[PDB]
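Colleague: Take a look at the letters that make up each chain.
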Amino acid sequence: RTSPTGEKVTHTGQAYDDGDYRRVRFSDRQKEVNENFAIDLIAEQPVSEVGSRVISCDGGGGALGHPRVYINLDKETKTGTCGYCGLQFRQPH
Amino acid sequence: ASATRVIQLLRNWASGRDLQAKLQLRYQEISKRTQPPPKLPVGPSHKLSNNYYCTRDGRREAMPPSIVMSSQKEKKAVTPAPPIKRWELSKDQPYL
Amino acid sequence: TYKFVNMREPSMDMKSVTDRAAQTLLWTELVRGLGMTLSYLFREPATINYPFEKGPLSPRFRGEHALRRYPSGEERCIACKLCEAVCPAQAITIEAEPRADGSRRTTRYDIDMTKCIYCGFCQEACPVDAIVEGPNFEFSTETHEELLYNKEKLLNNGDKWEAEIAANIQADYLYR
Amino acid sequence: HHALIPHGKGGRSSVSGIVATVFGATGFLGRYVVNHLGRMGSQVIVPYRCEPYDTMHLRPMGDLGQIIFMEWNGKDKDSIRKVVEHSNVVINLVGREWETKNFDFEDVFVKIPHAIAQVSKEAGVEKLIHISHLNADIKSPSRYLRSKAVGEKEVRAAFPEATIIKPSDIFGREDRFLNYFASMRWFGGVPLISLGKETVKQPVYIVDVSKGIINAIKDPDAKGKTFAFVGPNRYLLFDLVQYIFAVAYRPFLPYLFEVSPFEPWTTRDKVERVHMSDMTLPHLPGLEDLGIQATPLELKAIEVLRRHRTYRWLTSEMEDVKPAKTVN
Amino acid sequence: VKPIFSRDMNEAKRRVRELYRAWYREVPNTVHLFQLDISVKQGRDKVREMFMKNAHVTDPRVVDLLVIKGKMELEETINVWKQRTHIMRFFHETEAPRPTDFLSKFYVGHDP
Amino acid sequence: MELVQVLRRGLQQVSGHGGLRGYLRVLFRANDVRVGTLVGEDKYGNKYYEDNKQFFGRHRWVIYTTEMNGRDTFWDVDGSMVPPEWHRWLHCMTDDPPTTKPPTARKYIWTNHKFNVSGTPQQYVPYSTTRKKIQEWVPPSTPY
Amino acid sequence: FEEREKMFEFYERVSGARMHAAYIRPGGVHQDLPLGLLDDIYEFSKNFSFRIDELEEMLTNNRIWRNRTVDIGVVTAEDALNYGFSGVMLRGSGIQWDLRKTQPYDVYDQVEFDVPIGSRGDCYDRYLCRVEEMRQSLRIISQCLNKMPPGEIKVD
Amino acid sequence: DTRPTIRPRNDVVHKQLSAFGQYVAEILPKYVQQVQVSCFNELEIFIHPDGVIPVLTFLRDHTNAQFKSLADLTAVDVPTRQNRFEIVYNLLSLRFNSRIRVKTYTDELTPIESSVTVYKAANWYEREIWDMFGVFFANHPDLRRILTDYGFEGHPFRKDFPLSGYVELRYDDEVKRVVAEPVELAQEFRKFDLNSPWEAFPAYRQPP
Amino acid sequence: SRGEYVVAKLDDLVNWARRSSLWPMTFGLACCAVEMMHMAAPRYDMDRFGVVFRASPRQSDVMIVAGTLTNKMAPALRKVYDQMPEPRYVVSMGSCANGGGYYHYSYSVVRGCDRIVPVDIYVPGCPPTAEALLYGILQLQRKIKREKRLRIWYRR
Amino acid sequence: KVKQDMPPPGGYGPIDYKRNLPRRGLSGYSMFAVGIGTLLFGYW
Ligand SMILES: NC(=O)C1=CN([C@@H]2O[C@H](COP(=O)(O)OP(=O)(O)OC[C@H]3O[C@@H](n4cnc5c(N)ncnc54)[C@H](OP(=O)(O)O)[C@@H]3O)[C@@H](O)[C@H]2O)C=CC1
Ligand code: SF4
Ligand code: SF4
Ligand code: SF4
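Chains A, B, C, D, E, F, G, H, I and J, in that order, are what the protein sequence lines are. Using the numbering used here, the letters of the first sequence map in sequence onto residues 5 to 97. Using the numbering used here, the letters of the second sequence map in sequence onto residues 5 to 100. Using the numbering used here, the letters of the third sequence map in sequence onto residues 925 to 1100. Using the numbering used here, the letters of the fourth sequence map in sequence onto residues 57 to 384. Using the numbering used here, the letters of the fifth sequence map in sequence onto residues -12 to 99. Using the numbering used here, the letters of the sixth sequence map in sequence onto residues 244 to 387. Using the numbering used here, the letters of the seventh sequence map in sequence onto residues 444 to 599. Using the numbering used here, the letters of the eighth sequence map in sequence onto residues -8 to 199. Using the numbering used here, the letters of the ninth sequence map in sequence onto residues 90 to 245. Using the numbering used here, the letters of the tenth sequence map in sequence onto residues 994 to 1037.
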C-alpha cells in the first residue's frame, strides 16, 4: 500500500507523514520497501485438517525449521496456529 | 603446470630443485568442494542412564583457593618444584 | 629436544678457506639467489582475473547479514531478541510488537554493518535460522548511511540471496 | 507544518530542529554556516551545482543523515522546490564576484535570489536569510552592488518576512579580501588607486558573520529585519593593505584579468569595490543586536596571513607587527 | 600516611610555585613552537586559570599528585610530544557555552 | 618442437573466441584470452566457462553481459552482477553448476537480481520502521 | 604470502572467516572440520617445505642480508630474562625455554618437535630461529594430521 | 570427579606450591600477610605494599626461588575496598619451571615503590598501571602516560570511569583542527542485566 | 555542441588516466592492513590494475584507512590527509574505520574515520576480504569514471 | 555411521620438515682456475 503523500507503506505500518521533515531523505533516492508482506503470505497458506487431537509442527525440514511445538485442536471455532511458522491446523469436523 | 619442457628444465636448474614435483599452484589434488553429508558423533554424556549431571558438573566442583598461611591467627629447604632437567640435543638434526 | 641454529664452526682446511674466499670474491651466493628469482620469473603467476574470476570460498563463509523467510513466506524471525543479546558489538536493534495476526513480528530490525564485526554469533544464536550471514562480500557503499541496514533492507537481501543461503545451510547444517 | 521540537544537548548527535537548505553552501561563508548548523545537530540540506567531489568538505561537518546533498539548478524552479519543500529555514548565499558565460550579475544577484524567495514562500518556509552587501545600492555604479540591491528589494517582495543580511568584506582563511591584497605580488607591486588614500573599509570576521546568521535564524524578532553586518573597526585601505603585507612578511611596494576564462584574478567591479570606501548605515541592526560581539581583525589577522609568510617570519625573527591605525 | 613528595602543605605550595614558574616561562616558547594563535598573555592566563581551578585542595598528597600531573603535561608540551590540537584543547573553543541562569537552562532543555 | 605447439594453441584461442574481433573483444573486456567449456549462461547474459586444466582459482570464470538491468556493462563490469545461484559455483562454494542442480524455487525469491546500486538513484536510504510512541493532545477546534 | 593466502583459506573453510575466526572457543572449537579440510592441509604442508627453503635460498646465505642482521640488536641472556623478554627473544640468546615443552598445554605433550636455540643473540640468529620454528611447525602439523582422534568438538 | 567433562587436577603440584608458599612466608614474615594456592595449582602470596621490593628481590635472587622473569604486572580495581587498587605481580622461575603471583594493595594516594630495580620490565608495566588506574609509583625512572592520549584526563580502567569516556574527537573546519567535544552517542550503549536471581556456585557462598 | 563534445571527451581522458593509475597510500593501522597486504599479494595483485602502493603520501591519490582510528592517531590522519595532493580520495576499510566496529563505545576510539576525514568509499567487513577491498577500489575507479569536473567547468 | 573428517587409513604420507638447500657449483680452486683461464685466453 501507498500513503496519501505518495510514500509506500512498509509492512511495519511506517510511512513518513507530510509534516515529517525526515521525508527529505528519499528526495532523490528510493525508499527500500520489501514487496512480500509476510502477513498476507501466510493468509494464503491453506489450513491443514489433521484428525489427531494434538499435532506437532517443526516448520518443515527438521533441523532447518523451528523448535518443535505441539498444538492442541480442541477449540472448534478457532484453528490451531503454529507459534513460529504461523501455519493454521484444524481437526476435521 | 602447463609449461614447455625447456621452460621446466630452465626453471628447475635456476632454482636448483625439481619444482614440478612440488608446484605451489593447486590444480587437482584439491579436495572436492562438494562433499558427502557428514554424520558427526555424540559426546560421552549422550546416554540415557548413569548420566546425572551431579557426577559430571566440573564447574560446580571448583573450590575457593586453599589458604596455606595467613598472618591473621628442622624443616628442609623447599623449592617451588623439582629443578628443570637439561634439554637433550636433537637426534634428527643436532646442528642446523 | 633443542636444535642449535647457527653454532657451526668453519673448517680451516685450505680447500674450505679457498671455497669460502671464492664465495666472497666471485659472489656465488648472490648468483644463487638471483637464479632463484629467475626461476620464479618463469613460473605460472597466481593472479586471478577479478572480477571475471572469483577466489575460492567455503559454504560456511560469513558476509552480508540477511533475514530469511519460511517456505510459506512468513518471516522466520519470531522476535526472541537473543541475537541482539549475543551480538558482541551491540549492532542489532530489535523492537517488536504483536502483529495484527498476533505473532511475534519485529517492528524494527536494524543492524549497522559499520558497527557489526561479522562474527557470526547472530546466526549461531537464532533459533529459527532467520538471521544468517550471506555469501555476498562485495556490498561496499559510497555513503556511511547506507551501511546502517534497516529491516526492509535485510528482508530484501534475504529475498535476493535466499537460493544460495538455503543451499549453503543445507550443505553445512549437519556440521552445526 | 514542519515544526520540530529541539531535543538534546546541542551537540553533533543532538537535534536542534532546524531543517535548513543552505544555498551556495560550497563557498567561503557557506562552509562556516553549514558547520555551525551541523555542530548543533541540524538537517542541513545542501543544494549543489558543482561536482560532488567539490562538496566533500561539507560531509564531515554533520552527523550521519544530517548533511543531505542534492543537485539544484538556478535556472530550474523545480530544483529549488524539491530542495526547500521540507525545509523550515532557507539561507541564500549564492553570489559570484565575477560574471560568467551563462550567469551574469543580474542572474546571480536578482533572478536566482527571487526564484528562491518565491519558491520558499510557496513551500511555506518559515524564515529566509538573504545575504546582500553593505555597499549595495540601487544607484551604485558597480553592477555587483547595484544588482545585489535590486535582488534585495525583490527578495522582500516575494518573501515579506525575509531576514536580509548585508555583510561588509568578510575576511577569513579562504576569503577573497585579505588574501586578495596579499596576492598583489602577481600584480607587480601594490596597485592602489590614488595609493588607496581615500578609501576606508570595515572588514568583518567570517565566524562572526556565520554565527550572526545562525543567531538570526534563532532570533524570533529578526524576521523581516534587514541586518547589516559591520566590522569592529574601520581601517584606511592603505593602512589595511600595509598591515596585511606586514603580518604576511611581504615587502610593501605601494603602487585584463576579467578576460581570463578561468576564475578571473581581478574584476573591474572588484577594483571599483576595493577602492570604494565601505558605507556606514547606523539605522540597521548589527552583530551586537544578534548578540555576537565583533572580533577585531588584528586578533585573527595572523591566522589568515601567517600561511602567506615568505621565509622566516612564522619563526626565527617572528617580528610582531603592531595594529594598523584605524580611522574611527 | 606516606607523603607522595611533600610532608606539609607549605612544602606542597613550594612545588606548586615551582611548577607555575616553569609553565609561566614556557608559554611564550609554546606559542612559537606550535604556532598557536593565542597570545602569550592568553596562554599565561590559561595557566593561572588551570592552577586556580584546583585551588580548593587541602591535602598535601593530592597537591603533590596534581603537581606531578602538571609536570607531565609540561614535559609533553616542552618535548613537543603534544600536538597543536592538544595544546589548543585547553582552550575550549568549538564547544558552545552552556548558560548558568536557571531560566536559560529551563529554555535550553531538561538539564538538571 | 613444443614452441610451435604453443603458437598453434594461441591461434586456436584466437579462433575459439569467434575470430579476431571476438578475440580482441575478450582481450579488451576481460584481459584474458583463454577458452573453456561454456557451463551455462544466466538470463541477464553473463556466460560462465570452466576449464579443469587451469589451476585452482582460474578454473572457472564468467564473461559479464553487455547490458544488465538497463545498465551498460560493456566496460563497467560490476562484481555484483553475478546472480545468486551462479555465485556458489563461481566462488567455488559448490562443485555443481546451477544448470545441473537448479536451486529450490521459492515465490519470495527475486525474479531479477540487482547489482550494487550504491551511488545510483536507486540506492538504499536508512530510516526508522517504527511509529510515533507518544501521541500528543489535540486542542479543541471550537473557541471557548 | 600466497602460501599465507592458502592457509587463510583453511581458516575460512573451518570458521567462515579468513583472518578472525573465533573458532577456538572456551570449551573446545565451534564446529567440526569440514569433510576434506584435513586432506588439503596435508597437500599444503607437503609442498610448504620447498617454499621455506626458497626463502632461505634468497635470504639466509645472502651477504647483504647477513650484514643487515648479523651482530645487530644483540641481547645478553641475563638482560632478556630481566627485561621480561619471551619466545624467540629468549631462545635467540641461547636460553632453552619454550612453553610448549616446559609447560605443555593441550596435546603439545603428545607431539614431538625440536626447539631452535640461538648462539649469538643477534637478529640473524633470531631470523634463523623463526625459520626453523616454521620447519618444526610442519613437523607438528604432520603429526596432528596423522593423530587426529574421533570424537566431539565441544565439551559435552 | 572423573570423565572428560571434569578437568583433571594434579595434587602433586598443589602440595609443592603449598610447601613453597610456607617456605616464602617463613623466610619473609615481615611482609607476607597471606599465602593461597588455587585449586588449579597457582600459588599466590599476599604481601604488605611496603614489601614490594624486598619480597620480589627474594623471589628473584634466592637460589631456591629463581623467579627471574616478570611475566605480567597488572592492577585490579575493587571500589568496595579502602585500598581499591590491587597490584598483582606475575613471576616465572625457569630454573624450577614454576610461576607465582605477588598481590599487594594500594590507595588512590599512597605511593608504591617501583620494582624497576628488581625487574627492568617493570618500567612500562608500571607506566600502564599509572596511566590506566592512576597508581603512582615512587622512584620510577619515567612515569608518564603510555597508552592514553597526550592531553587525556582521567584514568580509564578505573571502575568509576565511563566506558564511552567523557570526551570525543572530530574535525572542525572553522578551527582547521581536530577538536575535543563532550561525548554524545547516537545510540547509547545498551546495558544488559544478565546476572541470574538464582545462586550458581554453592561452594563460593558468602554467609550473611 | 562541439564545445561540449570536446570538453566531455577531454574529461573522459582525464578520468581514465586517474582511475587507471590510482596510487594508494597504505595507512595501515590495524587488522585490516593485513588483508590489504593480501590484496597486493600475488593472488589478487592490485598492481595488475595499475594501483601501485605509493609509500610517499605526497605522491598518493587514495588514502585507504585500514584499521581502528584511535583518538591519539586521529590528528595524524587528518594532517597526513591535508598533506596529500588533489585530487585525493579516501577509502575506509573495515568496520573500525567505518564506524568504530568492535570499539565503537571505546573511550579512545574515533566513531568512524568519516568524522576526521571525508570518505568516498566504505568497504564493509571485519576484516573485509581482499576481494571486497579490491571491489571497493574498482568501485572507486567507476566513481572517478563518472566524475565530470571539466564538463561542469565548461557548463558554469 | 560417523563420517568426520579423519586421517586416511594408514595416515598421510611423509612431509619434508628440514632445510633442503642443495650444494651447487665447482670447488674454489676450480672456479678460480676457470676465471684465470678465461683471463689468459682473453690476454692471448
Ligand atoms: N567578502 C565576501 O565574500 C562578501 C560576500 N557577500 C555575499 O555573500 C555571499 C558569500 O558567498 P561565499 O560563501 O563567500 O562564496 P564565494 O562568493 O566565495 O563563492 C560563490 C558562492 O556562491 C555560489 N554561486 C555563485 N554563483 C552561482 C551560480 N550561478 N549558481 C549557483 N551557485 C552559485 C557558489 O556555489 P558554487 O561554487 O557551487 O557555484 C558559492 O557557494 C555571496 O552571495 C556574496 O556575494 C557579501 C558581503 C561580503
Ligand atoms: S535471533 Fe532470529 S528469531 Fe530472534 S530476533 Fe534475531 S533474527 Fe529474529
Ligand atoms: S554476525 Fe556478529 S556482528 Fe554481525 S549481527 Fe551477527 S553477532 Fe552482530
Ligand atoms: S574492522 Fe575488524 S579487522 Fe578491521 S581493524 Fe576493526 S576489528 Fe580489526
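Hint data in this document are derived by calculation from the structure and do not stem from the laboratory. Each residue gets a CB set at the ideal place from its N, CA and C atoms; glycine is no exception. Some hints here could point you the wrong way.
[What the hints assert, rightly or not] The list that follows gives simulated cross-link-like pairs (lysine-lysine, DSBU-like), each with its CA atoms no further than 35 Å apart:
1) F:376 - D:138
2) J:994 - G:590
3) F:296 - A:12
4) B:80 - G:590
5) D:356 - E:-11
6) H:150 - H:111
7) H:167 - D:281
8) G:544 - B:89
9) D:253 - D:133
10) D:356 - I:98
11) I:98 - I:237
12) I:237 - E:56
13) C:1005 - F:357
[What the hints assert, rightly or not] For each label pair, taking beta carbons as the anchor points, the in silico distance ranges come out as:
14) B:54 - H:145: 26 to 32 Å
15) I:106 - F:256: 29 to 35 Å
16) H:6 - G:447: 45 to 51 Å
17) I:106 - C:1009: 47 to 53 Å
18) J:1006 - F:283: 35 to 41 Å
[Said to hold, decoys possible] Covered stretches of chain A (chain F as the covering partner; in silico rule of three or more C-beta atoms under 8 Å from a C-beta of chain F):
19) 50 to 63
20) 83 to 92
Colleague: Hint by hint, which ones does this structure get wrong, listed from lowest number up?
Modeller: Result: hints 3, 4, 5, 9, 10, 12, 14, 19, 20 break, sorted rising.
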